[PDB]
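In what follows, a structure is listed as structure tokens, so that the remarks can point back to it.
Heads up, one of the protein chains got dropped from this complex, but the rest are sitting where they should.
Note that the chains are named A, B, C, D, E and F in the order they appear, and that numbering of residues resets to 1 at the start of each chain.
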Amino acid sequence: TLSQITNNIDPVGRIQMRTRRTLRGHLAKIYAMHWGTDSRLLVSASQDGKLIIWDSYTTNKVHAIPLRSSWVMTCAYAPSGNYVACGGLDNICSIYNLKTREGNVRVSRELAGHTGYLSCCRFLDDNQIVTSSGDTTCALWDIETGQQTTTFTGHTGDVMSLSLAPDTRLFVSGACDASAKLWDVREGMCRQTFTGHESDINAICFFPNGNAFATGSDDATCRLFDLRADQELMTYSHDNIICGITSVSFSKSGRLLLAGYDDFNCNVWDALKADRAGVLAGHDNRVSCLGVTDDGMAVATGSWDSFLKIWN
Amino acid sequence: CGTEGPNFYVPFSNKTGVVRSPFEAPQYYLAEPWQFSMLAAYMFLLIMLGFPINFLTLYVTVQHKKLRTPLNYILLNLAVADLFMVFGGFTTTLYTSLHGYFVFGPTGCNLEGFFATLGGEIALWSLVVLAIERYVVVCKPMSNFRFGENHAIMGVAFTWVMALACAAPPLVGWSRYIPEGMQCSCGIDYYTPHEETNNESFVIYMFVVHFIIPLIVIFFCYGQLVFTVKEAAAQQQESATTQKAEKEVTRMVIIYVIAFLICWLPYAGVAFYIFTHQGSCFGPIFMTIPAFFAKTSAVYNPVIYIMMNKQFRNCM
Amino acid sequence: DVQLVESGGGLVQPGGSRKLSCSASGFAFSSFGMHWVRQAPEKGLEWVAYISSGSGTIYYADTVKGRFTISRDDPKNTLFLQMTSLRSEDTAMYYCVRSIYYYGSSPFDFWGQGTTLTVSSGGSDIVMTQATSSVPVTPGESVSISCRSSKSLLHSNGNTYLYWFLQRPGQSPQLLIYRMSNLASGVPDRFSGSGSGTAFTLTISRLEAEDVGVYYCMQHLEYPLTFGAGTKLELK
Amino acid sequence: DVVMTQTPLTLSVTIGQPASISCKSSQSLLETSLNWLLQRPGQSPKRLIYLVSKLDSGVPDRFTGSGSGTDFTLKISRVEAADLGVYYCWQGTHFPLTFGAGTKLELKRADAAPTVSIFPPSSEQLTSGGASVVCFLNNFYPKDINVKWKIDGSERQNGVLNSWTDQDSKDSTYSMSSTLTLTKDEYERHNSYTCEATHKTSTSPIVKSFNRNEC
Amino acid sequence: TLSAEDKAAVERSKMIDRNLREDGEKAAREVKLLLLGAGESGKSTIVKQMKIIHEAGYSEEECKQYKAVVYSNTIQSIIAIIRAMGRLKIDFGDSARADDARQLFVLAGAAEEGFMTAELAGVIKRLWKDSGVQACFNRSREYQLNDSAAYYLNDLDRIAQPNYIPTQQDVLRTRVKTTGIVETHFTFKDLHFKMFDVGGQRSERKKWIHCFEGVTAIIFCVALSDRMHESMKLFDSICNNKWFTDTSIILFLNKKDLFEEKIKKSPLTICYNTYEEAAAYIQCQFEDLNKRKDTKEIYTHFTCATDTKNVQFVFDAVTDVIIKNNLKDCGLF
Amino acid sequence: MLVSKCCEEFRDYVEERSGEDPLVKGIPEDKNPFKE
Partner (left out) sequence: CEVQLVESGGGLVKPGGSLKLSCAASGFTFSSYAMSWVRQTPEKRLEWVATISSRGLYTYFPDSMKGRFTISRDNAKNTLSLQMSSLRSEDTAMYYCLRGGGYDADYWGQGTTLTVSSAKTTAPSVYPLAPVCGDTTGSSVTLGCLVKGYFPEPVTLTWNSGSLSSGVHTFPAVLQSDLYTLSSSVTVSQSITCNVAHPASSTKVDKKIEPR
């Protein structure tokens, strides 16, 4: 295991990151966020029925789009920055063009066909997007033509969230069958399936080279899984932490693992030494989500307390 | 009856030649030094109760930032107010009554009278605003209102507005701050005439705006609130917790009202009997009962609304 | 489909008054800032006035303050121009221009057809210089027009606020380059812009037929907005 | 008013593989309002494809409208008998009919044996002072063939007049009567006049000759 | 001070912000009612029938909220028709309608919901009557056009009247099928109610603790006539689950007619005569399931139709809970 | 394929990333847009 391998190397020590900005204007719980690829814009989702995109450098709201249905659970930013994908208990993924289409809304596509809630989504490019749903399926949709063109079946329980490989040619999914499945986007099938958690798996992210990943679970452990070795490499669990984990993300080097806990804290772990390296506090309720910019310059945290914090 | 002065009035006849200036002689001919012994000791008592409580409240608010909610702003206001009463009032009165006469000059007289009246008015209107806020929130009379932190801030500012609108005018020439009673403590001249400062009109303005209006508001608001809570308890007769809450709220409302009556009906009765029975004359011994009741509020407004508040018993 | 239709133009005696209108459709009118730019008969473009979205910010040219009033009716998607004390020097072609301002926006990206006003007979600004008034060219060749400013257009924020427009003979102006390096929508990739600080160059590769016209550079660093005199590309 | 050109004139494609006719575009006027019109021989030109996916009356379904960037594509798996004829591509967004060079779409056939003959000038034509040496070459196509005039060992290209058939009614080949139209003076200056048909996939050229000694 | 051109971006942000503030003032006043069940072949259908029978519905006021949707449908249809008129190059049967068509584009700034003067109506009737418009419309099979185009255009008089109440077919066509929010916003005692019918039972908790929390009220449907003990154990586990510690549980004991017959012929001992002892026993078995909290404030009602002692009870319970929760956070208790 | 090889790849990727990471290396505020 990495933990018993890295014991000899020096610890990171004092990790003192500070909140550089507080973004105000949401009036309810935040359920999701996603960094844009410029490491500057971000999108946030609230039960006030609005999806707001912020310019984090100036502290300006770029857009606040009012949504027709407020029961959102997931949203996604196209890597081009040209599109978002917002889900809901309507089982529909609505796509919004943010750059070429001038102004406000009209919807160009509502991806309909799932028979349960849309639980997660990630764009590939302005063409293709991979999505998961409570109907126990995942699907790749051609948005232009509106058809589910690829379908990833084999999970036996509700699918919770998804993570695109860095080259967007593969994706992995995590479900309440306590399993994760690796799917081939263009082949439309599952290469490998990893079980072991006894819990629903709530969270997943990737080592930057796309060759490993980490999970976060309601069973109070995080685990690192390696694709090529096809097994768990490490578990992260204080004995006195029995609450769920909501979110994981890597630092630019992969060295830091940030995790949100039901205990209202966001612990920052040394991913190489398994020690907590730092803490993200300042919230009055569970940290429900977090993310690291692609360039590594900043971390955003989102919370049940209706606030987001920006750290560096 | 009394010794008329420009900056003072000593309620003690000079026909004997004994009376002196309140800036000058120890007033040991108004009362035996035992009386000033008890006076000073009691003032030290109230110092050693008010500052403990009032500082600890602030410290606790600092420690737990969960309490920083709009509704709690006005209790911080109360704490500040009462620290004014501690320092502007008790310490500088102590350093004069220990001698028998007021040491720091008429400017120290103005500072004391001003800061005392300012604190008392801040407390008065803090209690008025808290009752009004709770009324609007629960009874929903307008039923299209929200009451946010902005409104709590406006309420506090308004309390500072009225407090200055009361404590500062005696500093410029509409009535006057003079040593009252044993002449070691300065306050409003409500008891002598002075046409240069229009004492009658000032006293009437005071009696109505900073007494009659607060009481009317408190009575009306709590009456409508009790009517609402009784009615609510009336519909869910089998809901135990609403009947208990009914009884407790009514208990607390009555406590609040009696506390306010205890605090102010002394001054009200004294001023009214001065007003209708002009042919009379009372001295410091009888002139310090209302002062007693007013100063002791520095203890039991912190008690009734901070110590007794069931969200603060959990910090002890 | 974005439309801007000016009306109200005409011939007026000096000292008279005139209300111009600009009718907007196919976009969120109240979301755009709006500018007035004028062009004297045989002369270049000169910026006249600006009203922000919401009318919170208004700028006038010196020669017009006190005399001219800019206004908008956002609910009715209509722009107004109240003119007074009209002088002979006000005779120009007048364009209403929409301009949305946000991170990454493209100001000045849509122009009306323009309305012509003719008036009868009776310093601190950064100076941008195009010393060459015309250049003869032949199709397929590559041209480079240059312009320079007496002050740096590069801001402390890192952006260099330089715009290139094209006015072909007889048509409304068309945006070519925004913020020194961004290609306007619909502009062929044979155009490119470069420069540094105070000297800038627009280069066309394999110049085509449609490329003929007058090329203006413009600064949007600060108000008043100011144009270059224009450089014409003539065919040989 | 720039024209949109179809390339190539003739698209000969292998069986099964996609066949691409590229329309190079004049103006960016884009919906997909591009149309292919076809004239078949002996029939009025007919609009075939309009609005990328809407089939016109009497039109084969095997046409596929596609493309990329500024170029458009008409794709047919196999050019067939209905596909022979002149095509024009026009954007239906704006008028007039953009007059493209047209795709003469027809399938290239196997080489055929030409019927080649030589003919001396007529006596009545010699009465007028002219001499027309005639060479008939029927059923010779495709272009991988040359008609060469030889006089006294020297190649002759001047004075040649061609009368050509159209797309032939039998096999759609080329058939031409090629005449050296000269003065009778230059006609008598030489003795042997020859027309040679040289063929690409056939190694043996055909030689038709005549001299005054052998007619 | 790097405010250069930017103090327009700032202006935009503050303008969006004022709007954000305004939406928030409207929001938060909603009373959210959740219909749940469906964990079986037909539970939520029983829930729907319970709503129909004991909670009324389909008032004029809820129907009024669909006016803008009807109008919007109408507008995309008429715009599609107009643009196709422009597209196929068809001329008016009367050249004076060319002015109407100009007026049409001008008068199409009248999109002010519910401003249905006779003039606008006459303009629409005259455009619709034009022979070129009818000619394009009857060839709509050659382009894309909503099937309801004729339905709406032939009934414009009834729909555009200011007292227009949408019919059941109008509502059903508004694309509220499948799942499908199942919504109404009736008014009562000046409160705007919103009721939502969802399902999910025995195990769908993870999705609606994940989205349903902080909601105003739960409407919990129970099939009274309901390995049976493992099912009872599962119900115990969900109802009594620690994640639902701070949620008020309201019980609609539904299917009381079937329950009364079933307890009449099938004894209660299957799970653990007359109604009172068996009902008291069920209450005892359910209330014993808490074991961890001081109280829950369950409001149990015995109901007949909506014209009986039921609406008062529902509005009384909503009001007492809001009041008690307003006092819970004022230092009092 | 055992663990220390994959751990060496994770190291050798983490190692020369301090010059880009503004947290472990920390960051001077003139070299960062997080000034207020």
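Here is the rule we go by: a contact is a pair of C-beta atoms (placed from the backbone, for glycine too) under 8 Å apart; a residue touches a chain by one contact, two chains touch by 3 or more.
The missing chain, though absent from the display, is touched by one residue of E:89, E:175 or E:291; that residue is E:89.
In the complete complex, the residue from D:20, D:73, D:172 or D:177 that touches the missing chain is D:177. Only one of the listed residues, D:65, D:102 or D:114, touches the absent chain: D:102.
Summary of contacts with the chain left out: across D:50, D:72, D:141 or D:187, the touching residue is D:50. Within the entire complex, the positions of chain E that touch the omitted partner chain are 87-93, 95, 98, 131-132, 135.
By the touch criterion stated above, the residues of chain D touching the omitted chain are 1, 33, 35, 37, 39, 44-47, 50, 56-57, 86, 88, 90, 92, 95-97, 99, 102, 104, 117-120, 122-124, 127, 134, 136, 138, 163-166, 175, 177, 208, 210, 215.
What we mean here is this: only the chains that are shown with their structure count from here on.
Averaged Cα coordinates give chain C a centre that lies 48 Å from the centre of chain F.
Rounded to a whole number, the gap between the C-alpha centres of chain A and chain D is 64 angstrom. Taking each chain's centre as the average of its CA atoms, chain B and chain C sit 69 Å apart. Residue positions of chain D touching 2 or more other chains: there are none.
Every residue of chain C that touches chain A in the complex is listed here, in rising order: 2, 27-28, 31, 102-103.
Remark: chain A residues 25, 27, 29, 48, 50, 58, 60-61, 63-64, 66, 69, 71, 73, 89-91, 117, 134, 158, 176, 200 touch chain E in the complex. Residue ranges on chain C touching chain E, taken from their complex, read 31, 33, 52-54, 56-57, 76-77, 101-103, 107, 155-157, 161, 220-222.
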